[PDB]
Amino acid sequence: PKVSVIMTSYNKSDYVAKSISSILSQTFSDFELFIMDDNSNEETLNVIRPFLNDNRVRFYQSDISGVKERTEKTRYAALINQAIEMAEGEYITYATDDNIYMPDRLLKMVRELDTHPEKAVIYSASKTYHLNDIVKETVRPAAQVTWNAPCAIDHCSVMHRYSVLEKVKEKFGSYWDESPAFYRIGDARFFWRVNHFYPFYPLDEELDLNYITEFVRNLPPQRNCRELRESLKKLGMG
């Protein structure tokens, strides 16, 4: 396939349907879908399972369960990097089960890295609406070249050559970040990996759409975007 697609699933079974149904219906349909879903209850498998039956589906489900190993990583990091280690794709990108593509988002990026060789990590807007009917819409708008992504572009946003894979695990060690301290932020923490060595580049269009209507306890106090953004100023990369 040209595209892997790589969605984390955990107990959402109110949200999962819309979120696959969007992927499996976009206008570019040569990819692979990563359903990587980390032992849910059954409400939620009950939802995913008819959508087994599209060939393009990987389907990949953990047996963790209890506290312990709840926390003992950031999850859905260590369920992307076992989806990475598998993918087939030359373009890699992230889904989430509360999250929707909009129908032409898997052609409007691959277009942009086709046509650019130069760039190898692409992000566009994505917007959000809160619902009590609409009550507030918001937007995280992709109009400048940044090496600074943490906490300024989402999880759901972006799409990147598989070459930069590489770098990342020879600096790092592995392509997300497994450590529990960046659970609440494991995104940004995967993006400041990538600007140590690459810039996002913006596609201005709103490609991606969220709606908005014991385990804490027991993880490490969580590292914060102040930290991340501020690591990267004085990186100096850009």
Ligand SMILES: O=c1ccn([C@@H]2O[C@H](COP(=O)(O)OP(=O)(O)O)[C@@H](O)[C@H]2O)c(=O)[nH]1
The other form holds:
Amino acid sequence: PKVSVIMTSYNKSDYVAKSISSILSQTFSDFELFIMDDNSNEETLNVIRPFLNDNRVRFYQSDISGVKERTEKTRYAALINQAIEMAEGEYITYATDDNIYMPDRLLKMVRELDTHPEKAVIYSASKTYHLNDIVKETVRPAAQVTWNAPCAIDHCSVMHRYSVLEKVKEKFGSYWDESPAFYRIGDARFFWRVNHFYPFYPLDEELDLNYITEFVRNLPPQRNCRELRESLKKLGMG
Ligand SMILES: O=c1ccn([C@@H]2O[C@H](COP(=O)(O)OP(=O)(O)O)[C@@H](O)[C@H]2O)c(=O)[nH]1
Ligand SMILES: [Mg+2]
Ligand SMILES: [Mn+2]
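Could I have the structure of this protein in the form deposited with this ligand bound, to go alongside the form deposited without this ligand above?
Zooming out: every chain and molecule, the one shown earlier first.
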């Protein structure tokens, strides 16, 4: 396949079917979808089950159980790293169990990378609807090329060439950072690694949507956004 979509899942039974359906109905259909379930409860696994009949889905379930194992590593970074090692696509993109892709997301992002060989990482705008009907609507624009993506751009709004993963692994030893000190902001920490070598190019369209309507005590102190952002400003790549 041209694209590898990597989705992480953990106990969001009321949302995961809408997320998976949004990917399977994409107008660009040449992808493989990894569904990396982190050993969710029965209700969630039963919602996911029928989607395993789609021949593009590659379903993996971890054996993770209990607070020690849940807090040893940033779990979605570990699962994304596992999927990357099995990925066959030229372009890599990410999805979560509570985010929805707009129907033309893959077509438009693939076209941006096919059309501009000089771009290696692209990001789109993102929208969040607050329900209570809609009480609030938030948009995260994609209006400029940026060398400082941490906490400005979400996990679910990006697509990049597989070759980006090579450069990152050469300097850092892994793709995503599995250290549990970056649990709250794992996507930002991966973007911080990518931003040592590549800027993020904007695609000014809202292509992903979010609907908002013992574990925490066993994590190490959480590093923050300001730390990553200041570190890149200091790095001075743009
Ligand atoms: O033990 C866990 C907890 C979460 N996740 C996944 O991590 C991603 C980010 O999680 P969450 O939505 O809880 O984070 P937030 O929205 O706070 O960034 C989601 O795909 C979850 O399914 C996971 O794989 N294992
Ligand atoms: Mg987040
Ligand atoms: Mn979430």
